[PDB]
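Chain by chain, the residues run as shown.
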Amino acid sequence: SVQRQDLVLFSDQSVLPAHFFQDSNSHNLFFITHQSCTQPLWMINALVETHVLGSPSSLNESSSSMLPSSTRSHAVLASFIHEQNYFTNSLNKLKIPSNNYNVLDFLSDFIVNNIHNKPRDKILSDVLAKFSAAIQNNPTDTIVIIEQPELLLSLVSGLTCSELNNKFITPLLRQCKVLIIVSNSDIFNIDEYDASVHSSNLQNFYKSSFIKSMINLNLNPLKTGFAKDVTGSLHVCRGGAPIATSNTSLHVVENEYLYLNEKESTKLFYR
Amino acid sequence: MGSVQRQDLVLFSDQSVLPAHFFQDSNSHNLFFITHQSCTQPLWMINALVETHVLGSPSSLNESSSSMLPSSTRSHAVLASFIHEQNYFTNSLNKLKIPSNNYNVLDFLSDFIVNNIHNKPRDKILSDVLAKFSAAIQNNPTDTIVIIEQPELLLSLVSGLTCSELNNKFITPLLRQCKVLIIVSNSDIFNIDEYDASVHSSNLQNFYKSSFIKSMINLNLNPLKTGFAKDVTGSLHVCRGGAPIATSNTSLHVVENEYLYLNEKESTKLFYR
Amino acid sequence: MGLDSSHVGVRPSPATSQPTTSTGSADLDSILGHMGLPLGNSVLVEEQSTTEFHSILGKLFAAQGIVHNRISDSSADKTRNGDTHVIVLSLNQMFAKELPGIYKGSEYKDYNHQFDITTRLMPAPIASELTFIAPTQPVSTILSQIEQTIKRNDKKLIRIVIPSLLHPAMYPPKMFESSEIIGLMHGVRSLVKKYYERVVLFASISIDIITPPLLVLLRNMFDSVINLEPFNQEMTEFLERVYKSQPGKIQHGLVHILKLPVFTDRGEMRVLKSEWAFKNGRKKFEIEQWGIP
Amino acid sequence: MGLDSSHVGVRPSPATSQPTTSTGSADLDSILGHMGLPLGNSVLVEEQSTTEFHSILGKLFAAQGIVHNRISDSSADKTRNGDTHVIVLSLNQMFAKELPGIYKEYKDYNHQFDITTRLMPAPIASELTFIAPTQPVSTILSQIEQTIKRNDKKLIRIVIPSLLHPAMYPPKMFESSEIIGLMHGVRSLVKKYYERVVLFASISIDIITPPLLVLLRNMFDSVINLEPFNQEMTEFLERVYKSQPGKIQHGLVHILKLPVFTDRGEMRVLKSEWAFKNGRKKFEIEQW
Amino acid sequence: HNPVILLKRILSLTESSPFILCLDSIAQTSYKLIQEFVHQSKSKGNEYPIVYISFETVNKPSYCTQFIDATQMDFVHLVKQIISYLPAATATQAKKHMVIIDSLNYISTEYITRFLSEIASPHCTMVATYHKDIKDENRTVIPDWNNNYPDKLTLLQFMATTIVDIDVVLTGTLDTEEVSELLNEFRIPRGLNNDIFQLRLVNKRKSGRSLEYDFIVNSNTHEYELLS
Amino acid sequence: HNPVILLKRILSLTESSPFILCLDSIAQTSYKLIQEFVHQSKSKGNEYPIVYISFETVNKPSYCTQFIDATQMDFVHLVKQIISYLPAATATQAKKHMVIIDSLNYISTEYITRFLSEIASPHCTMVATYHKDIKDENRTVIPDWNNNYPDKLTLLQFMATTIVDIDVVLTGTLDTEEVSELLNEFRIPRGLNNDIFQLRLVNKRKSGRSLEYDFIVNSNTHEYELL
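Residue numbers (the authors' numbering), protein chains in the order written: chain F, 3 to 273; chain C, 1 to 273; chain D, 66 to 171, 233 to 419; chain A, 66 to 169, 233 to 416; chain E, 6 to 233; chain B, 6 to 232.
Hints may contain errors.
No farther apart than 27 angstroms at their CA atoms in a straight line, the calculated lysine-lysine pairs in the BS3-like style are these [as the list claims (entries may be wrong)]: (1) E/209 to D/405; (2) F/169 to B/85; (3) E/65 to E/85; (4) F/169 to B/157; (5) A/277 to A/169; (6) D/320 to F/97; (7) E/47 to E/209; (8) D/235 to D/410; (9) C/95 to C/225; (10) B/211 to A/370.
Hints are computed from structural coordinates only; laboratory data are not their basis.
Required output: the full structure, derived from the provided sequences and hints.
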């Protein structure tokens with residue numbers, strides 16, 4: 003049949019090269035966008051596994067030697083749609099130690115304790131303080147993953163995209179090394195209807211984030227007829243901002259992978 | 001096909017421009033809708049209507065069969081406009097030897113903003129305008145037609161004005177106290193090239209739609225869509241309105257037709273194809 | 066601790082091997098792939114045209130919960146412990162009196239019963255068994271009442287039924303604001319996730335008057351969605367042309383599957399369009415494999 | 066009420082026998098049809114480009130009035146008289162210092241000007257006055273009315289240069305009500321003292337929404353459209369008139385709304401028939 | 006069942022559908038349909054009382070019994086007036102009433118549902134007209150970025166029981182497309198508002214899918230026929 | 006005449022145009038053009054100071070001389086801070102200044118002119134960029150029909166001396182319509198945002214009609230060819 007392949011991102015054949023952390027005052031962003039029918043659990047899990055264990059052993063079927071890591075290296079995960087336990091259950095199948103990842107809950111008791119009888123500035127300041135307290139204690143090696151922040155625009159009323167960027171996203175990115183944004187692109191995929199001006203304050207956030215990004219990953223279903231042999235198609239493409247690195251020869255490689263999901267296993271192959 | 005001979009003006013079934021039946025009754029209000037572009041001002045229309053109501057018959061355009069008055073010599077007209085002045089109407093009417101006591105003019109241009117709009121609310125100004133209009137009707141009894149030209153400019157004058165507000169406090173209350181009303185308006189807003197203003201400036205077009213719906217007859221003057229020589233000025237179309245005629249004669253109806261008019265120095269003609 | 070394993074209405078799933086409960090319709094559970102709704106999740110059954118097929122599903126849910134509580138009350142010769150309490154967010158007070166009765170006409235048992243539309247459930251549910259929450263009160267107050275009602279029933283299975291979500295005659299225009307509806311749904315999802323060992327959620331909506339942005343937001347918020355489409359004119363006429371000889375072989379429309387339970391959460395594309403049909407019989411509502419004539 | 070009977074700057078119109086005044090360029094007075102702009106009327110001139118040609122037209126308009134005023138020599142008590150007071154609605158007061166000077233049947237009704245020269249001596253405050261367009265509309269109307277009332281029988285020339293410029297007009301005045309009310313009040317005033325007051329204005333249409341454009345066009349009495357050519361037309365004209373450096377026309381002139389001729393029910397549209405040229409001594413318009 | 010029979014039955018108001026909607030453009034107005042309605046009601050002999058609401062009407066109709074000038078008078082007192090002129094809350098042997106509203110374009114969206122709920126009653130049925138060409142105002146006050154509330158037309162189409170669409174029939178040599186362009190640029194042609202027009206009828210079945218039909222109606226002969 | 010000479014002159018800040026506008030999208034950003042500008046200016050002795058205003062970027066460029074975070078302070082403090090870093094109405098002829106704005110899509114429309122009425126100076130060159138996809142915010146100006154102010158893009162284009170438009174050169178087996186429809190679905194293809202790109206240059210003069218020239222620029226070899 004088809005030939006199994008291995009995931010690669012940059013020219014040095016390293017998915018998440020560690021020098022990004024050694025360089026001081028060089029913040030970087032990742033933008034993972036997906037549709038509602040192509041949920042990116044495996045992508046996030048493989049990314050965290052690569053950062054901690056030093057290799058994406060889940061996908062590349064252990065076809066490569068281990069890269070030194072796990073020395074106090076940490077990760078912070080927060081989400082506005084899954085609270086704490088979903089991440090824990092997903093993670094506790096790859097033997098990741100519990101002392102290396104910290105999960106923030108932004109789903110339970112959020113509305114009661116955050117929105118009612120509080121102005122918007124207070125909300126944003128408190129969420130920023132919660133993020134800062136967590137990031138403070140692990141300043142050496144810590145990638146920050148956050149999933150669907152634009153949902154906030156719905157809960158808060160009178161909150162605009164520019165205000166969200168000014169008061170939440172940019173200050174958080176300024177105090178981090180690698181910040182990763184997980185987003186759902188259902189808005190752009192409504193058949194027989196246009197939302198270009200009918201819903202623009204939502205697409206503005208996506209476009210701005212893509213502008214401030216350096217590498218883009220797209221999870222889409224098949225445009226052609228259904229093929230049970232493969233789930234969707236993952237595209238890796240150049241972002242919108244230069245890489246804040248020192249190796250001038252380090253450049254992203256654009257390509258695509260036909261990926262098939264199974265009972266907790268993803269198969270990657272071109273075609 | 002190609003009739004250079006000028007043709008007389010006919011509107012209704014009884015071959016009359018303006019029957020008197022709209023006066024020998026109570027509660028029979030009616031509304032004419034005249035639409036013009038910026039290219040073709042309807043001065044001769046207003047003059048012909050006024051002379052028909054007062055003198056007794058149109059003469060500037062018709063054969064001048066020289067019929068008698070439809071009513072008493074008292075027959076009166078009231079003219080007001082938000083775009084023109086008193087002298088304009090006075091000089092236009094005095095060209096036809098119209099008696100000075102057979103018409104009245106209300107000036108809605110002189111010192112309007114400095115004495116009416118500034119430091120006053122919307123209800124106050126609308127009430128004052130309505131009172132000023134109603135004074136003229138209360139001055140003299142029936143057989144007193146009222147003509148108002150370009151009233152929609154209030155939408156661009158008063159801040160935050162709406163078509164629903166204007167109709168519900170100015171147009172309809174004034175129509176309730178009148179016998180025959182004529183609305184003369186400019187419809188250039190619909191002819192902006194390659195720009196569907198209906199989705200942007202919908203408030204303005206709402207007024208025109210609503211006025212046409214309440215109308216019983218429509219007269220539209222337009223330049224030729226296909227360019228021709230200087231042998232014609234424009235085309236006039238007569239169409240039935242969106243409301244039934246307030247009349248007792250069930251046999252009456254409005255004749256639908258089109259004419260072409262050419263206008264030269266202080267005189268316009270009217271002919272068929 | 067969660068629900069006691071002695072409970073009868075909950076069965077571990079084949080795949081996830083986690084607690085699961087049936088919806089009262091065997092076909093609906095079979096379509097879901099888990100043969101039931103696993104505890105800690107939700108489901109949305111949106112509808113096309115003004116038709117009102119979803120009220121049957123809501124009543125079936127409520128009746129199944131009530132029947133489980135009733136057999137728990139009976140507990141024939143044993144200690145079954147099939148406790149269940151149902152909370153419905155609506156204002157249609159007659160809904161409680163419109164639940165269909167059991168069917169008494171002519233492996234794991236006692237899981238899913240058989241219901242009859244024509245019959246009526248008796249006696250009427252008591253106040254302690256079933257409560258209603260006004261959908262016009264403030265969001266914070268409603269969330270507080272839901273939390274208190276969840277806390278009071280420490281060891282009872284809870285079903286949260288939201289019948290006819292977002293109906294213009296049912297909610298004021300203020301509730302149509304994005305903030306209010308989205309915050310209410312977020313709070314309900316949080317509450318379901320918190321006591322994931324006892325609570326399940328069901329709701330339905332008519333998409334005829336819903337703007338596509340709100341539709342996609344709701345689809346994202348929930349856990350699973352099923353789309354119901356009735357047939358068109360030529361379809362029905364052609365089917366009646368060759369099927370009126372057997373008046374019991376005509377469906378009402380199609381069933382579409384977009385979001386499934388945890389299957390699609392981990393990254394499986396299972397969207398099936400126009401491959402299932404639903405038929406509402408005189409006493410039962412069934413779902414079968416659609417086949418084009 | 067009234068002006069001097071034998072005013073040197075007022076002549077009866079040919080086709081209407083009405084008082085008339087020249088706009089500074091005889092070509093504009095010819096294209097109008099009334100041998101000038103009759104008193105009690107106004108003209109609006111547009112330009113669909115980023116350039117500026119209407120500026121020199123306004124400068125000529127003001128200069129003609131100041132010259133007619135200028136016939137007041139120390140040999141005064143002349144039979145002739147040209148009493149003129151100019152009102153300009155703008156903020157750039159340097160414009161007054163840029164008025165071109167003189168180049169060197234009815235007599236002295238129209239003069240020829242040269243763009244290069246200036247106007248020595250410079251005009252004084254008692255003749256040309258300025259009004260700041262950054263004040264409430266009521267204040268501006270009050271000031272204009274006060275100025276008109278103060279002068280007894282002097283012919284007033286009113287010119288509005290560079291209407292609706294973002295760097296010149298605050299965004300608040302861009303509300304439809306304010307600008308439309310200002311134009312309505314100015315029209316009311318110019319129709320009140322119809323025997324004396326004249327109004328001139330110019331605008332650029334590339335930044336104006338079509339609704340406001342049609343409203344402003346309706347509010348005025350005559351509209352002239354100026355459109356320059358594109359690159360290909362310029363190159364073709366350069367190639368054709370290589371040996372003729374005086375026959376290169378910059379753009380066209382469009383006639384859409386005219387004086388009283390139009391208001392009495394006539395057709396007066398003419399598209400792509402006249403070509404203009406900004407000559408060193410005259411704004412020459414000719415057949416295209 | 007022949008559709009003509011159903012159309013005659015609903016025109017006679019023998020049916021118990023509480024809400025009826027009429028949609029018109031400037032090409033074909035609606036008062037002819039009200040004339041047909043009242044003629045059918047009188048023909049059956051069931052002279053139900055008729056109540057008229059005045060928004061865009063100045064001439065009092067002949068058949069109407071009560072006239073309500075709601076233009077200059079606010080919403081709450083309007084509802085009070087309708088309730089006062091309506092029959093009792095409950096009376097088994099009370100005669101059915103008829104309510105006609107000239108235009109529904111003058112009521113804000115945030116009041117339509119409440120008004121419809123409050124005026125509705127088993128004793129009386131309401132017929133109404135909505136002008137398709139008129140566009141409401143949405144810039145009076147802007148809530149959060151989108152209020153998500155549906156438009157007026159969709160709301161009434163959802164909350165109605167029978168939908169009536171009135172269209173013009175062309176007898177000249179002008180295509181429908183050029184007619185639409187002429188109307189859009191407001192150059193009214195000849196051959197509009199004829200006495201013979203086309204109707205689209207939609208009836209909401211009690212259990213499930215609705216039924217739709219097309220017809221050609223002449224206002225002189227009162228003879229409705231079905232167009233294939 | 007050779008437009009390449011004009012492009013090199015305008016890039017090298019030899020001209021006197023006090024405002025430069027760049028137009029971008031999500032297909033091709035505009036920081037490469039800024040790097041080209043600074044490289045050309047430095048390569049010909051025009052080593053002017055550069056002042057940077059931050060709305061989006063957080064990594065300060067190496068060539069930047071002053072970095073100010075405008076994402077927090079409001080309008081009056083921002084304009085005062087920018088002014089304090091400039092000569093005051095009597096600028097010396099020793100050297101020029103070059104203020105760069107990372108994105109103009111965040112200032113309220115009504116203030117734009119007033120902003121441009123202050124930071125403008127004879128010794129400055131405001132080089133700013135505008136995102137063609139990021140639609141403006143309606144919270145600022147009242148949506149009433151009375152408000153007839155023009156949109157941001159048209160106002161800036163009318164008030165700018167030189168207009169630069171950046172377009173992406175396609176290389177793969179796709180077409181412009183296919184790329185556009187993919188972008189509207191947010192299915193980003195490969196090959197976009199490369200180093201070789203088209204250009205559009207509009208120069209306006211106070212004595213005649215403006216002119217347009219289209220170039221092809223290679224950001225690696227600094228080659229500007231004529232299309």
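So, going through the hints one by one against the coordinates:
1. With a C-alpha separation of about 20 angstroms, the suggested pair residue 209 of chain E and residue 405 of chain D falls inside the 27 angstroms cut-off, and the hint holds.
2. For the hint pairing residue 169 of chain F with residue 85 of chain B, the CA-to-CA distance comes to about 22 angstroms; that is within 27 angstroms, so the pair holds.
3. As the CA atoms of residue 65 of chain E and residue 85 of chain E are separated by approximately 21 angstroms, the hinted pair is consistent with the 27 angstroms bound.
4. For the proposed pair residue 169 of chain F and residue 157 of chain B, the alpha carbon gap of about 24 angstroms is at most 27 angstroms, so the pair holds.
5. About 35 angstroms separates the Cα atoms of residue 277 of chain A and residue 169 of chain A, which puts this hinted pair outside 27 angstroms; it is violated.
6. At most 27 angstroms may separate the alpha-carbon atoms for a hinted pair to count; residue 320 of chain D and residue 97 of chain F meet this at roughly 25 angstroms.
7. A C-alpha spacing of about 25 angstroms is found between residue 47 of chain E and residue 209 of chain E, which places the hinted pair at or below 27 angstroms, so the restraint holds.
8. The suggested pairing of residue 235 of chain D with residue 410 of chain D holds, with an alpha-carbon distance near 20 angstroms, which does not exceed 27 angstroms.
9. With a C-alpha separation of about 32 angstroms, the suggested pair residue 95 of chain C and residue 225 of chain C falls outside the 27 angstroms cut-off, and the hint is violated.
10. For a cut-off of 27 angstroms, the pair hint linking residue 211 of chain B to residue 370 of chain A stands: about 24 angstroms separates their Cα positions.
Comparing the model with each earlier hint shows violations of hints 5, 9; every other hint is respected.
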